Structures are given as structure tokens and as C-alpha cells.
Amino acid sequence: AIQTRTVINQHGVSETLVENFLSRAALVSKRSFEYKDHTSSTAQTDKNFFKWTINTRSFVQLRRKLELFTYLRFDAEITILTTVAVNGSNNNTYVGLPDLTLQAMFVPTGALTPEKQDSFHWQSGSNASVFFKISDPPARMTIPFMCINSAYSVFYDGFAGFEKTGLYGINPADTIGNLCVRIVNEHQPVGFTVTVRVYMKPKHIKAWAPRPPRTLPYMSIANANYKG
Amino acid sequence: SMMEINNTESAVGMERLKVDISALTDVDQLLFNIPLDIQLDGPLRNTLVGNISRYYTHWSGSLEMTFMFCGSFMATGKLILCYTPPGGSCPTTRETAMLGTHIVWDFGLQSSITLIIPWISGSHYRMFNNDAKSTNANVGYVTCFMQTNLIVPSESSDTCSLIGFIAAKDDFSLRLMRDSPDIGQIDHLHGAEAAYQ
Amino acid sequence: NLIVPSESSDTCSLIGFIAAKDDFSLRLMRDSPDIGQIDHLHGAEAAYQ
Amino acid sequence: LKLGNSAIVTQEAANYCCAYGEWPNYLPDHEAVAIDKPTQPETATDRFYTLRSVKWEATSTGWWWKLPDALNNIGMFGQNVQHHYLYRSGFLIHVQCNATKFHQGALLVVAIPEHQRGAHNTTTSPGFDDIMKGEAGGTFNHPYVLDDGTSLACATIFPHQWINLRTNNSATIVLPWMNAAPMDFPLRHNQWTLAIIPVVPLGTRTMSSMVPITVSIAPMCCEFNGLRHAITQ
Amino acid sequence: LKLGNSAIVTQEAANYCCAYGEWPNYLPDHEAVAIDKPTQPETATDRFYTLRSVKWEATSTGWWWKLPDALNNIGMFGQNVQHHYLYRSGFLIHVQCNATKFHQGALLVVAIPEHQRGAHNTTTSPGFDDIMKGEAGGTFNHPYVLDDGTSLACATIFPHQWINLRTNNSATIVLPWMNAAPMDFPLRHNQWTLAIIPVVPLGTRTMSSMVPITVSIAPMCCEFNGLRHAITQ
Amino acid sequence: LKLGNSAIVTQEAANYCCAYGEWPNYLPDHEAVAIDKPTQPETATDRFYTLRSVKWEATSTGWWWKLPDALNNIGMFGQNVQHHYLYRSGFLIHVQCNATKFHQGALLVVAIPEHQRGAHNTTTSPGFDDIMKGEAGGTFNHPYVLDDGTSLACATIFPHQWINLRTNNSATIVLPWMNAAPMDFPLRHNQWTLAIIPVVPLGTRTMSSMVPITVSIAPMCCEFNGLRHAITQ
Numbered sequence: 042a043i044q045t046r047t048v049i050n051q052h053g054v055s056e057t058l059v060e061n062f063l064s065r066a067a068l069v070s071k072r073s074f075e076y077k078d079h080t081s082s083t084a085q086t087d088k089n090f091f092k093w094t095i096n097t098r099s100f101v102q103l104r105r106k107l108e109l110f111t112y113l114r115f116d117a118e119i120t121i122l123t124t125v126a127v128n129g130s131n132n133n134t135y136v137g138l139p140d141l142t143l144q145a146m147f148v149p150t151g152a153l154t155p156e157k158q159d160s161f162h163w164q165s166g167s168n169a170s171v172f173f174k175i176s177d178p179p180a181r182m183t184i185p186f187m188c189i190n191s192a193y194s195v196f197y198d199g200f201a202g203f204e205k206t207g208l209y210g211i212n213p214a215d216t217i218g219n220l221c222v223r224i225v226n227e228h229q230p231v232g233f234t235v236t237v238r239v240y241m242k243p244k245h246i247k248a249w250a251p252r253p254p255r256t257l258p259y260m261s262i263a264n265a266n267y268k269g
Numbered sequence: 051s052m053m054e055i056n057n058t059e060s061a062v063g064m065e066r067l068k069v070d071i072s073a074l075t076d077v078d079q080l081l082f083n084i085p086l087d088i089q090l091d092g093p094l095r096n097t098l099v100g101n102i103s104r105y106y107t108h109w110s111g112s113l114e115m116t117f118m119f120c121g122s123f124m125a126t127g128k129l130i131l132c133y134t135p136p137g138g139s140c141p142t143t144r145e146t147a148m149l150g151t152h153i154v155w156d157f158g159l160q161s162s163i164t165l166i167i168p169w170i171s172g173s174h175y176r177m178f179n180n181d182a183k184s185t186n187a188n189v190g191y192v193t194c195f196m197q198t199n200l201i202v203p204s205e206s207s208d209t210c211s212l213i214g215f216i217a218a219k220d221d222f223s224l225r226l227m228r229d230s231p232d233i234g235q236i237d238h239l240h241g242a243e244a245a246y247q
Numbered sequence: 199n200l201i202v203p204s205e206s207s208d209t210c211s212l213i214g215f216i217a218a219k220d221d222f223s224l225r226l227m228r229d230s231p232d233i234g235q236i237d238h239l240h241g242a243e244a245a246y247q
Numbered sequence: 016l017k018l019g020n021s022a023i024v025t026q027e028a029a030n031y032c033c034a035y036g037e038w039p040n041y042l043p044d045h046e047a048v049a050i051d052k053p054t055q056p057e058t059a060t061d062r063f064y065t066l067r068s069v070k071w072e073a074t075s076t077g078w079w080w081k082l083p084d085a086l087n088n089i090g091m092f093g094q095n096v097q098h099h100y101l102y103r104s105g106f107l108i109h110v111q112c113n114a115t116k117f118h119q120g121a122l123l124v125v126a127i128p129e130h131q132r133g134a135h136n137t138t139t140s141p142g143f144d145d146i147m148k149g150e151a152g153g154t155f156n157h158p159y160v161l162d163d164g165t166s167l168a169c170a171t172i173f174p175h176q177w178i179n180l181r182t183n184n185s186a187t188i189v190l191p192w193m194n195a196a197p198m199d200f201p202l203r204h205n206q207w208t209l210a211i212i213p214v215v216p217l218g219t220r221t222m223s224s225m226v227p228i229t230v231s232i233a234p235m236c237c238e239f240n241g242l243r244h245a246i247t248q
Numbered sequence: 016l017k018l019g020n021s022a023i024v025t026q027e028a029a030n031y032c033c034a035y036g037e038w039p040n041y042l043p044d045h046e047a048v049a050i051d052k053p054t055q056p057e058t059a060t061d062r063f064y065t066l067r068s069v070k071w072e073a074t075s076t077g078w079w080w081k082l083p084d085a086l087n088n089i090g091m092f093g094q095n096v097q098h099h100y101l102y103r104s105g106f107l108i109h110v111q112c113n114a115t116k117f118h119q120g121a122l123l124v125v126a127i128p129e130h131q132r133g134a135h136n137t138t139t140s141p142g143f144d145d146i147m148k149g150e151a152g153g154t155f156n157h158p159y160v161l162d163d164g165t166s167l168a169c170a171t172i173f174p175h176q177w178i179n180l181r182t183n184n185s186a187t188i189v190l191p192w193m194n195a196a197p198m199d200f201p202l203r204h205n206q207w208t209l210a211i212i213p214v215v216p217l218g219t220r221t222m223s224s225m226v227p228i229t230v231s232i233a234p235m236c237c238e239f240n241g242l243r244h245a246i247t248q
Numbered sequence: 016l017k018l019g020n021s022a023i024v025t026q027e028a029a030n031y032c033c034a035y036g037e038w039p040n041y042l043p044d045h046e047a048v049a050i051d052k053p054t055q056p057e058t059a060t061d062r063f064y065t066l067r068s069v070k071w072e073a074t075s076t077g078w079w080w081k082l083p084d085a086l087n088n089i090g091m092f093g094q095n096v097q098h099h100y101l102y103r104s105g106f107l108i109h110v111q112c113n114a115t116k117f118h119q120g121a122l123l124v125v126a127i128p129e130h131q132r133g134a135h136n137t138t139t140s141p142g143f144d145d146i147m148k149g150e151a152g153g154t155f156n157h158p159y160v161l162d163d164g165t166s167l168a169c170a171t172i173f174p175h176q177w178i179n180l181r182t183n184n185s186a187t188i189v190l191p192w193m194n195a196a197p198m199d200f201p202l203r204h205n206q207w208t209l210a211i212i213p214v215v216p217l218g219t220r221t222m223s224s225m226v227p228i229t230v231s232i233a234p235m236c237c238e239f240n241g242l243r244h245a246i247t248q
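Residue numbers (the deposited numbering), protein chains in the order written: chain A, 42 to 269; chain C, 51 to 247; chain C', 199 to 247; chain B, 16 to 248; chain B', 16 to 248; chain B'', 16 to 248. A prime marks a further copy of an entry chain.
Hints listed in this document are in silico derivations from the structure and should not be mistaken for laboratory results. Please note that the accuracy of each hint is not assured.
[Stated by the list, open to error] Label pairs and their in silico Cβ distance ranges:
hint	chain 1	residue 1	chain 2	residue 2	range
1	C	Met227	B''	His135	20 to 28 Å
2	C	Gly63	B	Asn30	25 to 33 Å
3	B	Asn30	B''	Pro128	57 to 65 Å
4	C	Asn57	B''	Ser166	50 to 58 Å
5	C	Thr142	B	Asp144	18 to 26 Å
6	B'	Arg181	B	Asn30	22 to 30 Å
7	C	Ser184	A	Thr234	51 to 59 Å
8	C'	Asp220	B	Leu16	48 to 56 Å
[To be verified] Among the chain A residues that face chain B by a calculated CB cut under 10 Å, a handful are:
hint	residue
9	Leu153
10	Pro185
11	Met187
12	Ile189
13	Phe196
14	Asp215
15	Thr216
16	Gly232
By construction, the Cβ of each residue, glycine as well, lies at the ideal position given by its N, Cα and C atoms.
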């Protein structure tokens with residue numbers, strides 16, 4: 042409980058800009074999908090490819106950073122850092138890590154999200170994809186501003202439609218995309234547990250209607266429910 | 051932006067943004083003891099400046115902290131606000147509040163009082179080698195004392211309340227952004243693993 | 199009738215002042231009989247010592 | 016005072032809040048790129064729709080009306096809300112309270128852009144019934160958290176006035192359009208959320224003797240989409 | 016308001032009393048003939064020292080604080096009073112009371128040059144204890160006589176304001192130096208005597224419900240003698 | 016001579032050391048970016064604080080006074096050190112010795128920026144007692160190593176004069192502020208360290224007959240932070 046103070050000169054204003062304040066590539070989604078050779082289709086639509094709808098609410102710190110403002114326009118620079126890991130053992134000297142490539146395909150709104158690693162949506166062509174490898178530097182895609190209105194409603198006081206239930210805060214707009222990452226290679230005899238750690242850096246950031254930050258812990262991505 | 055002026059832990063939630071002044075709260079009594087430090091528990095926790103500067107390590111500058119009395123129209127009472135510099139002890143009486151830099155705010159005719167604070171400067175320190183002690187700083191206090199008894203008409207409420215705000219001036223500035231520890235990673239949110247589907 | 203609210207005091211008080219204008223003037227000074235000679239003051243006969 | 020509508024509100028001096036410093040306005044060059052036939056600059060819709068006076072007690076916590084949730088199903092605004100798919104309007108929030116000089120209280124009149132309010136201790140989203148309240152509007156079960164997980168102590172960064180009853184009983188927040196959309200559907204969405212939140216409970220020597228908070232809203236520069244379009248030529 | 020010190024007092028409109036029509040000032044040509052090294056125009060000493068709020072009841076008679084008796088032993092003024100032999104200062108008397116609009120009372124704020132106050136029915140002089148009271152100050156046992164043998168009915172020829180609670184709750188008397196001496200010792204002497212004297216008792220329908228009289232004093236143009244003198248050359 | 020303070024030191028011709036070639040100064044444009052309210056250019060604090068004369072023997076090794084360690088707890092500098100959080104001051108080191116013409120000795124007057132002095136054969140850091148010595152100051156247990164692991168043979172690159180008793184008995188080192196900080200806290204830190212180090216023991220035909228080394232320090236351009244700040248407006 043040591044109490045010390047220092048004098049700070051601190052002649053800067055540009056470090057508190059909104060562009061610098063949200064333009065940090067923070068971890069927005071990460072899971073390890075089991076690519077290891079599936080002779081039997083088990084745990085489908087999540088086993089052999091990485092699917093994640095592009096939303097900033099998945100991780101809490103970065104989430105509370107972007108719901109400091111109501112309306113946001115940014116081109117999300119998506120940096121995809123995939124690290125494979127061989128599950129099991131083969132030998133003791135070197136298991137052999139192949140330079141396998143990945144299709145980090147971006148599936149926007151109105152486009153078919155793939156449901157397996159060998160679906161026909163991977164070869165669509167209309168929805169843009171990058172093909173990058175493990176030995177390559179991580180895939181830096183700067184996706185543009187994907188919203189049919191002019192800002193991302195990180196709060197949407199309303200529903201996606203006048204009917205159904207559970208659409209509060211679900212904009213028919215925003216819905217930035219479905220970041221769908223597979224392995225392009227056909228199944229190796231040895232397996233890899235590849236974790237796709239994708240980082241979003243918002244770029245060309247304009248914020249509107251600034252808000253109080255979130256103070257109690259979050260309970261769900263889709264809503265803003267609270268433990269009061 | 052308002053502060054959690056009631057430092058009593060019994061008063062939580064709504065009535066911690068306000069302090070009660072009654073006819074039995076007497077003369078020469080410490081009514082609030084707001085410290086001018088950002089990243090420790092107190093009134094300067096869920097404020098705008100405190101929460102935004104919790105995203106940063108260094109937050110040197112000046113704050114513009116504003117109190118309005120929330121009583122009746124003729125709820126008259128002289129009330130002394132004493133601000134103390136970082137170098138000094140916290141005042142406990144009206145007599146030691148008068149010696150420091152202070153203002154006397156009679157809210158009989160003036161509803162909102164406006165305080166300008168010169169050059170508060172605090173930071174986050176990790177000078178210990180890999181200990182992660184999270185060293186804090188004490189760089190000021192704003193206190194309240196009762197110059198006279200608050201008097202009210204008999205038909206009006208005797209327990210007259212008071213709120214306050216805090217803002218910042220142009221010389222306030224932040225540097226070296228960090229992750230704000232207000233909310234930690236819960237890692238079991240109900241909406242999660244649904245975008246992942 | 200002087201009327202007041204029920205919460206305020208009914209016995210409301212009144213004071214008054216008096217001053218003078220420039221045309222007020224005095225003449226032919228005298229000894230003021232507000233205080234007479236007491237002739238046995240305690241501080242007296244001490245300057246006389 | 017406020018004679019620019021079909022309904023007036025007589026009060027004291029205005030002291031308006033230019034909400035984020037800007038006035039309501041119609042579509043500029045954004046009219047050509049948005050949904051066409053937006054021409055109707057509906058002026059009977061600008062009638063000062065006074066909602067029913069919510070009842071300020073000491074035990075009360077707060078009230079809210081979302082701005083398309085309010086003023087729909089009643090009046091010209093409500094009828095054009097049912098007949099029209101999408102709209103744009105700023106709102107002239109006007110908050111009055113017939114509180115005496117002897118009364119005690121502060122009141123955070125705060126208008127919230129996109130008050131995506133959460134539920135209490137349930138992980139499910141709030142639905143049609145507990146979001147689309149209507150004329151009377153909902154009450155803040157937790158006004159300190161603003162029902163959103165945020166803090167009321169920083170609710171003033173939003174467009175706000177302050178009913179400190181010892182100095183003013185009138186609020187005027189002149190809201191702009193406030194949407195990412197140039198024009199948006201009033202059925203499925205709310206652009207604003209007026210929130211009458213007492214940060215001080217109402218104070219009297221009695222059991223917090225009665226004051227009403229009468230809320231009056233006029234949609235300023237209200238602009239719908241045009242049903243009456245010449246589909247020929 | 017009153018932002019020229021390190022401590023401010025927020026209040027209504029000023030309405031100051033130029034005490035005998037004159038403002039405080041430092042030593043002019045009188046500096047050369049008086050005690051030398053008076054140079055210190057002490058500005059941290061000008062902090063608005065608010066005394067603790069004396070409690071106005073109907074049964075109360077009055078209060079007084081002599082101006083060097085007050086503000087000594089506390090703050091910069093008190094510390095320089097102990098470290099300094101002699102001084103000169105005008106005083107900005109500021110008297111506030113948080114009295115409601117419903118409250119009833121008049122209050123003679125009167126600042127007395129040389130209130131050589133007598134005792135009651137004893138021929139001895141008052142001493143150290145009953146003259147040098149301090150921060151809280153003494154109470155008028157006979158406010159009609161002003162404890163001096165004079166009359167309160169002519170106390171207004173002194174520099175004075177008037178807290179008629181129906182029209183003002185603020186007093187501002189801007190006292191000059193007020194001594195025969197150009198500079199005088201604060202330990203052994205008082206140049207002024209602030210006197211809060213109710214000529215009307217505090218009136219409420221209750222048992223004279225509570226108002227505090229908060230008294231705030233700033234030493235204006237306060238000038239001590241200099242300890243830090245270059246004794247060389 | 017040296018008449019610019021409240022206390023003078025009469026001596027021979029000055030022969031000052033412009034320490035690193037520069038004079039003391041106040042805050043320039045650095046005032047706006049540092050901790051605010053630094054306005055006090057404290058001139059009574061500039062009193063020539065003569066420390067008590069340390070006793071030069073042949074068997075003696077040296078003495079040191081850190082410049083905020085000295086002059087604190089005594090005088091205006093000490094009182095403003097306790098009442099003030101942070102400060103800036105250059106120091107006018109003045110070292111005298113009433114040594115006769117017959118006396119023998121050299122004396123390295125050396126002022127050290129940040130004399131982070133180590134302990135002898137213990138790996139622990141020196142603490143409060145063996146760092147914050149005070150008025151009399153500590154003695155060099157190993158003056159050849161300067162208690163820091165450095166060499167006294169290169170101590171002269173620091174701001175230094177030389178009391179060769181056959182040619183001068185006076186030193187004058189005019190130290191600047193000397194900190195990485197524009198203003199720094201005097202309680203927790205020392206910017207300078209005056210070191211009276213005899214590289215020659217005091218020589219007499221007797222048992223090194225008595226000379227005193229009287230050390231006189233004036234804080235030149237001493238500037239604290241202001242407690243008396245107008246917190247209003």
C-alpha cells in the first residue's frame with residue numbers, strides 16, 4: 042500500500058483521440074477448432090472450420106471500449122493469427138509441422154455462411170477470401186465499413202423486426218460479416234488443433250453520441266443485461 | 051458527471067450519488083470527504099473522467115467539479131467547501147477548513163456552485179521489479195463542512211439533499227492507454243458461443 | 199390582516215431606522231444629560247495617584 | 016410560449032438544450048441516396064404531444080419513454096407511424112412539473128441515444144412488452160445503472176437538463192434525428208429515450224406531497240416517407 | 016463568485032459595503048516611516064477563512080468575532096500571526112445564512128472599530144479569556160448595549176449590512192485597515208470586531224427551526240512584516 | 016558580500032562556480048505542463064542557512080549533506096518543505112573555513128547530482144536513517160570511493176571548487192535545479208549532495224590544530240508549489 046506521486050509534464054492531446062483510442066488491434070475472437078481427420082462427421086458446423094460473426098461484443102474489455110460511443114464507423118482491420126498444435130504424439134525428435142494454408146474467407150450479410158470445411162460456399166468467389174499459411178505473416182485483411190446505415194449501432198434500441206422474440210439490440214444492419222476460416226488442405230494423417238486468434242483494429246474511426254461506460258459485469262453478447 | 055459522494059458503504063446504488071443534509075446534521079461536521087484520486091475506491095470511480103482515465107495510466111490535468119444543492123427554494127444554509135492540495139493533511143473541522151484554500155457556498159440564493167481545481171496529476175506506477183503491486187497515488191481532497199445549521203420552513207423537508215458533478219478543462223489530458231480493469235473477463239457469457247456457431 | 203404561510207411564523211416583526219438629510223443642522227452646543235456625574239467611579243483616583 | 020405547433024405549452028423562460036449543440040433538420044443531399052419519396056415535411060405531426068403526467072414520489076426511482084415508443088398509437092404522429100414504413104424526426108423534449116417552491120428535489124432529464132436496456136439478472140433479451148411500453152412508459156427498476164449496465168453518474172454526457180426544483184421546473188432538450196440511418200422505421204426502432212430520473216427523491220415534510228411531472232414532446236422537423244407518390248411518368 | 020482567493024464562496028449578487036466608503040490598501044508613503052521590512056503582500060494569507068457556523072435561534076442574543084481574534088491560530092493568517100510581530104490587513108467580511116424563504120428575521124451585521132467591550136456589573140477590565148475568544152467567538156450577553164455601554168440602536172453608523180431574510184441572506188463588508196497605527200501587532204490588539212447581532216429573533220411556526228450563520232472572512236490586502244530580510248550590505 | 020538574502024556571509028572575493036556553467040532559474044514554459052499552482056518565488060526561503068561547522072581533523076575522512084536533507088526541518092525552507100508537496104530550487108553552496116595561514120590542507124568541495132550512495136559490504140540498500148541524515152549530515156566512511164562505488168579521483172567532473180588552504184578558504188558553487196523532473200518532492204528525493212572531502216588531511220605541527228568548516232547554503236531561485244490557490248472560478 043505504498044503511496045507515491047510523480048509530476049507529469051504531459052503536453053499531448055493526440056493520444057486521447059478516438060482514432061488512437063480504439064485503433065488498437067485487440068483480441069476479438071479466439072477458439073481452437075479440431076481439424077484432425079474426420080472419417081465420421083461429429084460435432085458438425087464447428088469442427089473443421091472456424092466460424093465467428095464479426096462483432097466487437099465477444100470480448101469484454103474491447104467491448105466496453107466500443108460501447109463508450111453509440112454510433113461508430115470504422116473499417117475493421119482484421120489480423121488473423123493462427124497457431125496450429127498437433128494433438129497426440131508421433132515421435133520424440135520432431136513431429137513435423139506442415140506449412141498448411143488457410144482460407145480466411147469473409148462472408149458478409151446477404152451471403153451464404155459455410156457449414157463445413159468442404160462446402161460449396163468456400164469456392165463462391167463473390168465473397169472475398171485470403172489464402173495464407175502458418176509460415177507466412179498473419180493475414181491482415183482490412184475489411185471495409187459493412188453496414189447499410191452510416192454507423193455501427195453497438196446499441197440498437199429496437200428489434201430486427203416487428204415480430205419474433207429475442208432481437209433486441211440485433212440490428213438488421215451492422216452484422217459486419219461472418220469471418221469463416223478453414224484449412225484448404227485435405228485431411229492429413231496427423232491432426233492439428235489450430236486456434237484462430239483474430240485481432241480487430243478499427244481504422245478511420247468516427248464516433249458519435251458518447252455514453253457512460255459499462256460498470257457492472259456483462260452477462261450476454263446479444264443484450265446489455267446486468268447483475269444489479 | 052456525477053460522483054459517488056456518499057462514502058458510507060451502507061448507502062449503495064441510488065442514494066450514494068447524493069448526500070443528506072438535515073436539521074440534525076449540526077454545525078462544524080464533515081459532510082463529504084471526496085478524494086481527488088481517480089483509480090481507487092470512492093466518489094471518483096463511476097465518473098466520466100475517472101472511467102475514461104482508467105483506460106490510461108497518466109491523467110495529469112485539471113478537473114472542473116460542480117456541486118448543486120437540491121433543496122427547497124428557500125432552503126438556506128451557509129456551507130463551506132475546502133479543497134486541499136496533494137501536499138497536506140485532510141481537514142477535519144471548519145477551523146482547519148478555513149485555513150486551507152476554501153470557498154463559502156451559501157445555497158440560499160445560489161443553486162449550483164462551480165469549483166476549479168489546479169493541476170491534479172496522478173499515474174499508475176509499477177516501479178517494483180515484476181511484483182505487480184499496482185501502486186496508487188493520493189493527489190488531493192475536496193471536503194465539505196457546515197458553516198451554519200441548514201434551516202428550512204416547517205412545511206418543507208428538513209433532510210435537504212445535495213448532489214455534485216465533475217468535468218474537466220482543456221488542460222486535462224491522458225497518455226499511455228491501457229485495458230480498463232472496471233470489467234474483467236467473465237469467460238462464460240450466455241450470448242457467447244452463439245456467434246461462434 | 200398580516201397573513202403568512204402555515205409553516206412560517208405568524209408573529210412577524212418590524213424594525214425601523216432614522217437618519218437625517220443635508221438640511222438638518224444643530225446649533226448652541228450643551229452638555230448632554232444622558233449620563234450624569236457619578237463621582238465615585240472605580241477607575242478614578244488611580245490616574246490621580 | 017412555444018407557439019410554432021398546433022398545441023402550445025405555456026411555461027417560464029425556455030433555456031433550451033441544443034442536443035449535442037445541433038438543431039433538428041430534414042434530409043439534405045442524403046435525400047437522393049436514401050429511400051425515395053420522402054417529401055412530406057409533416058406539420059400537423061409537430062403537435063406538442065403531452066404525455067400523461069407521471070407521479071413523482073420519494074419512493075419512485077425513475078421513468079422512461081422511448082421517443083418512437085411514445086407518440087405512436089396516438090395523434091398524427093401515431094397515425095403516420097402506422098401508415099408509414101420509415102421516418103425521420105428530431106424531438107423537442109419539454110419536461111414540466113407543477114412543483115411548489117417548498118418542494119425538494121433534483122431530476123435528471125436525460126435523453127439517451129439507443130437505450131438498449133438490459134434485463135435484471137436474466138440473460139435473455141428484453142422483448143416487445145418490456146421494451147415497447149407506450150404512452151405511460153416504463154419505470155427504471157435500477158436508475159443508478161440506467162437499466163443498461165452503464166452508470167447514472169455519467170448519464171449527463173448525453174443531452175440533458177436538470178430540474179433542480181429550487182431553481183427551475185422546466186427542461187427543454189431539442190433532440191436531433193440521432194440515427195446511423197438517414198431515415199429509419201419507427202415500428203422496429205427507437206432513436207431516443209427520454210428518461211425522467213430523480214437522483215434526489217421528492218422531499219416534503221409530509222410523505223412527499225404530490226407533484227406531477229408532465230412530459231410534453233413535439234416532433235421537430237418530422238419527416239415521413241410519402242405514400243402519395245405519382246407512380247406515372 | 017469571489018474568485019480572487021485560494022478559497023471561494025459561491026453566493027448570490029455581491030452588494031458589498033465599502034466600509035466608510037474606502038477599500039483596503041497597503042502602505043503608501045507610510046512604509047518609510049513605519050517599522051521597516053514590511054514588504055510581504057501575503058496572498059496565501061488572503062484565503063477565505065470561513066469560521067464555523069454559529070447557530071441562530073430565537074433565544075439567541077448575538078455573536079462577535081474580533082478580526083485578529085478570529086483567523087489567528089488557524090491557517091496562513093494564524094501561522095504568520097505567530098511568526099510575525101506586526102501586520103496590516105483589511106478584511107472582507109462575508110456573512111451567509113442558509114435560511115429558507117419561510118424563515119423570519121433581521122440581523123445586524125456590524126463591524127466595530129475598537130470594540131473595547133465592558134463587563135456586566137463588575138468594575139474590573141475584561142481579560143485574556145473573555146476578550147481573546149478565538150474561532151467560535153463570544154456571544155453578546157447584552158446585544159442592546161453592545162457589551163460596551165453604547166446603544167445598538169446607533170450601531171449602524173459603523174460599517175454595516177443588514178440580513179433581512181425576506182430580501183437578502185448575504186452580507187459583504189469590505190473593511191479597511193482601521194487603526195491609528197499604520198501597522199499594528201495582531202497578538203495584543205484587534206482593529207475590527209465583526210458582530211452578528213439579531214435585532215429580530217429567528218422566527219418559524221416551530222421552535223425557531225434551524226438556520227446556520229456561516230461567517231467567511233478573507234484578509235484583503237493583508238501585509239505582515241518581513242522576517243526574511245537581507246541583513247547584509 | 017552576498018547581500019541578496021535575509022542573511023549575509025562576509026568573506027573574501029567570491030570566485031563562484033557556475034555549476035555546469037549555468038545559473039539557477041525558475042520554471043519557463045515548463046510551468047504549464049508541470050503540476051499547476053507553482054507560483055510562489057519564495058524569497059524568505061532564500062535565507063543563507065549556515066549549517067553547523069563540521070570539524071576538520073587529520074583523522075577525518077569527509078562529510079556530506081544532501082541538499083534537501085540539509086535545510087529541511089529548520090527555517091523557512093524546512094517549514095515550506097513540510098507544508099509543500101513538491102519544489103524546485105538551485106542552491107548557492109558556500110563553504111568557509113576559518114583556517115590560519117599556517118594550516119595545511121586541500122579540500123574537495125564537490126556537489127554530486129544524485130549521490131545514490133551504497134553501503135559498505137552489505138548488499139542491502141541504505142535506508143531512511145543512513146540516507147536522510149539532516150543538519151549535521153553524514154561522514155564519508157570511504158571518501159576515496161565516495162560511498163557510491165565511483166572514484167574520488169574523478170569526482171571533479173561534478174561542479175566543484177577547491178579549498179587549497181594556501182590560496183583560498185572559500186568555495187562558491189552556484190547549483191542549478193538538477194533534476195530530470197521540472198519540480199520534485201523534497202521529502203522523498205535529493206537533487207544535490209554537497210560533499211566536503213579532504214583529499215589532504217589537515218596539517219599542523221601539533222595534532223592537527225583546530226579549524227572549523229562552516230557550510231552556508233542559500234536556496235537560489237527557490238520555488239515551491241502554491242497552497243494558497245483560488246479554487247473558485
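Now for the hints, and whether the structure bears them out:
1. C:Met227 x B'':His135: 20 to 28 Å: 45 Å, violated
2. C:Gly63 x B:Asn30: 25 to 33 Å: 31 Å, holds
3. B:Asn30 x B'':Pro128: 57 to 65 Å: 59 Å, holds
4. C:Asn57 x B'':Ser166: 50 to 58 Å: 56 Å, holds
5. C:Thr142 x B:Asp144: 18 to 26 Å: 53 Å, violated
6. B':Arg181 x B:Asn30: 22 to 30 Å: Holds - the Cβ-Cβ distance for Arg181 of chain B' and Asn30 of chain B, about 27 Å, lies within 22 to 30 Å.
7. C:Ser184 x A:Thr234: 51 to 59 Å: 35 Å, violated
8. C':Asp220 x B:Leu16: 48 to 56 Å: Holds: the Cβ-Cβ distance is about 49 Å, inside 48 to 56 Å.
9. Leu153: 25 Å, violated
10. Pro185: 16 Å, violated
11. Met187: 13 Å, violated
12. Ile189: 8 Å, holds
13. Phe196: 4 Å, holds
14. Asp215: 8 Å, holds
15. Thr216: 13 Å, violated
16. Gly232: 35 Å, violated
When held up to the earlier numbered hints, the structure conflicts with 1, 5, 7, 9, 10, 11, 15, 16 and fits the remainder.
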